[PDB]
Amino acid sequence: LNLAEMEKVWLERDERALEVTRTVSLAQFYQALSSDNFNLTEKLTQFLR
Amino acid sequence: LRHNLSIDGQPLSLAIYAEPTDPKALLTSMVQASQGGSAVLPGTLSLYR
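Residue numbers (the entry's author numbering), protein chains in the order written: chain D, 2346 to 2394; chain E, 2004 to 2052.
Don't read these hints as lab results, they were simulated from the structure. For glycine and all other residues, C-beta sits at the position ideal for the given N, C-alpha and C. Mixed in with the good hints, there may be bad ones.
[Said to hold, decoys possible] Cβ pair distances, simulated, as ranges:
1) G2040/E x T2368/D: 54 to 60 Å
2) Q2035/E x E2357/D: 34 to 40 Å
3) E2352/D x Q2035/E: 57 to 63 Å
4) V2354/D x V2034/E: 40 to 46 Å
5) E2352/D x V2043/E: 17 to 23 Å
Sequences and hints are given; from them, build the entire structure.
See the structure below:
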């Protein structure tokens, strides 16, 4: 009975959620950061040096 | 002499047996009842097939 209740809740409150894909660039994100905005590849090359 | 008995009081006429009515049998029978159905709940349409 508990399993049937679980299945009933699942099949009633089931909702096909909207699927959204977002592309994020780390360089642009770090360059447009609100607090610490900096050049990602410049900092990477400096740290590698 | 008045009560029509013997010399020792024995009745001169034999008392009737007075056969009883005797008991009778008893009977029982079946009893039925009727009911209706429950209200049909509108099934929440899922997404499955």
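Taking the hints in turn, this is what the structure says about them:
Against the hinted window of 54 to 60 Å, the Cβ-Cβ separation of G2040/E and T2368/D comes to about 57 Å, which satisfies the hint. For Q2035/E paired with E2357/D, a C-beta distance near 38 Å keeps the hint of 34 to 40 Å intact. Distance hint for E2352/D and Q2035/E: a CB-CB separation of about 38 Å, inconsistent with the stated range 57 to 63 Å. Take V2354/D and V2034/E: their Cβ atoms lie about 42 Å apart, and the range 40 to 46 Å holds.
Between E2352/D and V2043/E the Cβ separation comes to about 21 Å, which falls inside the hinted range of 17 to 23 Å.
This entry does not satisfy hint 3, going by the numbered hints stated previously; all others are met.
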